[PDB]
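A lone chain, given as structure tokens: the form solved without the named molecule.
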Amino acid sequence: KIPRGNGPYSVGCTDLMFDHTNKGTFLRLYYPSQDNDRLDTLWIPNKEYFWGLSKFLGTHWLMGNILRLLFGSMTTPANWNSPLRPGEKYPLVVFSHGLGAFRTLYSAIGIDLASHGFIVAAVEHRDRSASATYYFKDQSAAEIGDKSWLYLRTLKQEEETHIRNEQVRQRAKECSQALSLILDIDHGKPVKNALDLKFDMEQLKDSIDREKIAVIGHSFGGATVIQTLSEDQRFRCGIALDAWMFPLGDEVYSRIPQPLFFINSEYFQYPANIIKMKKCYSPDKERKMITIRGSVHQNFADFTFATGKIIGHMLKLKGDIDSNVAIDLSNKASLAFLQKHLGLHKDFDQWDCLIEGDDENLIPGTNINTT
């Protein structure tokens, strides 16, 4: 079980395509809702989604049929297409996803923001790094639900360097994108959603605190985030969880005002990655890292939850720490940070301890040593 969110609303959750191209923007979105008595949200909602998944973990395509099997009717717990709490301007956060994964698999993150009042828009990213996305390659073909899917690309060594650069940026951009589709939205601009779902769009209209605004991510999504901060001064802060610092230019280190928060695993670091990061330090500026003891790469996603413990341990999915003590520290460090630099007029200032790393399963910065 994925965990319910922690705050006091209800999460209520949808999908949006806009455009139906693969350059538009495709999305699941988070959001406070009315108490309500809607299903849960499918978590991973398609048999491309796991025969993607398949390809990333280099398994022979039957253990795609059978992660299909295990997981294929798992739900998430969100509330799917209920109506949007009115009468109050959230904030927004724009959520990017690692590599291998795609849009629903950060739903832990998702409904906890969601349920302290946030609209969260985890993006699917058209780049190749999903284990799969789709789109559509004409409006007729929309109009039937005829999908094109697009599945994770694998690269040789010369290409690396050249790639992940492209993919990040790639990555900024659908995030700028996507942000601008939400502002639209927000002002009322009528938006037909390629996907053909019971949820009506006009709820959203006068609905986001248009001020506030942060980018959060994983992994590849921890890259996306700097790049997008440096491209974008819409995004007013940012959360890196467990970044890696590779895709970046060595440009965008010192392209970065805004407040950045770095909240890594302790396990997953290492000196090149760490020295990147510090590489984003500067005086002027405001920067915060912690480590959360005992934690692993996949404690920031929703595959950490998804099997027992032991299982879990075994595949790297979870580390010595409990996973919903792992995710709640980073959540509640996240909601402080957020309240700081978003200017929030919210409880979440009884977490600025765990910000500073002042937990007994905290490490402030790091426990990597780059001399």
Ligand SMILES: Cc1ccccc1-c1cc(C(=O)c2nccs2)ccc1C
Second form
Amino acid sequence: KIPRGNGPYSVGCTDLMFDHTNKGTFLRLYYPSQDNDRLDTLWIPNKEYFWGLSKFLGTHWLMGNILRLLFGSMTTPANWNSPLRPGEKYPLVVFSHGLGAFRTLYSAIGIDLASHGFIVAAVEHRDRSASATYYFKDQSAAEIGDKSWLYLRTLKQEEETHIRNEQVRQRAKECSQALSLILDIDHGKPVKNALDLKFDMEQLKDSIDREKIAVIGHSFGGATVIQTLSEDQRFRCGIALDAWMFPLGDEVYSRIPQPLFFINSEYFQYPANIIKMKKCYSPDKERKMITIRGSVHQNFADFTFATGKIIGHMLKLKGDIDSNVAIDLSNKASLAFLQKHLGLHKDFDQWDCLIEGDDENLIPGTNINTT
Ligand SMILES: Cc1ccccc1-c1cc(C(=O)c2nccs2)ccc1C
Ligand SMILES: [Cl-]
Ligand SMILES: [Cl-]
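Having seen the form solved without the named molecule, could you give me the form solved in complex with the named molecule?
Below is the whole assembly, all chains and molecules, this chain first.
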């Protein structure tokens, strides 16, 4: 089980694709919901995501079929297509997934943020960093639901620097484009969802606290946070969850005026990566860094709740720390950070001490020595 949100709001979930092309926005929306008696949300909704997952893990696509057998009916505790909770303007998080992931795989984060009164737009990237994604070749294909699938691209050694940087820049553009889509919907601009789903986008009219915008992401998505902030000032702060810094250009590091929070796992980080995080620091800039004790890279993803403790530890989906304990720390410290830098009038400041790494299961800053 993916945990339910800890906040007071019920959580809805829907998908939005606009336009229908490989250049349009595809996102999964998590939102405060009016109702709590809908069907739970299908975690991985299409067989082709399992094929892409199997390719990314370096197995035969038939292991994809076995993963589908084991996980294809798994749900996440968000009310599918629930009406939006009316009568409040919600701050907006745009969320960026890791390499091999896609929009649906950070629901523990998305649901928790929504349960505290956020709208969350979890982007599906079309940079070939997702294990799979889909779109429609044209308007006829969209109408009949004839999906075109795009699978993870594997790189040769000498494509690494260049293609990862091309990908992070496309990812930033996709985050900006998703923001603009949501902001235009918030006006009441008619948008016809390329997916035929029983959620009226007209509900989102006048629902966004238009100045309270953040970008959050894991791993590749953590780099995407930083790229996005340097190029789109509409984002007011960023949270990089165990950022993989390698994709970022040399130019970005001095170009991030917004507050930035690094939440790291203990066992992923390494000096080359920490050195790159430290390049984002300047005395005029607001920077914070914490490390979750006993955690691994995938503690931020829903894969951490998908198996038992032994299989979990074996597959590096779980660390020595309990997965619920770890995600609570990351989500609560995130809430306090967003309250501070978005200027929210909630009670998230109760977790301010977590921003400083002041907890038995937190390391202030980093465990990694860079000398
Ligand atoms: C746990 C799980 C459930 C359903 C499909 C795939 C997985 C899986 C996932 C990873 C993983 O670490 C990642 N996959 C994509 C991005 S990270 C490693 C092993 C397994 C079995
Ligand atoms: Cl290193
Ligand atoms: Cl790790």
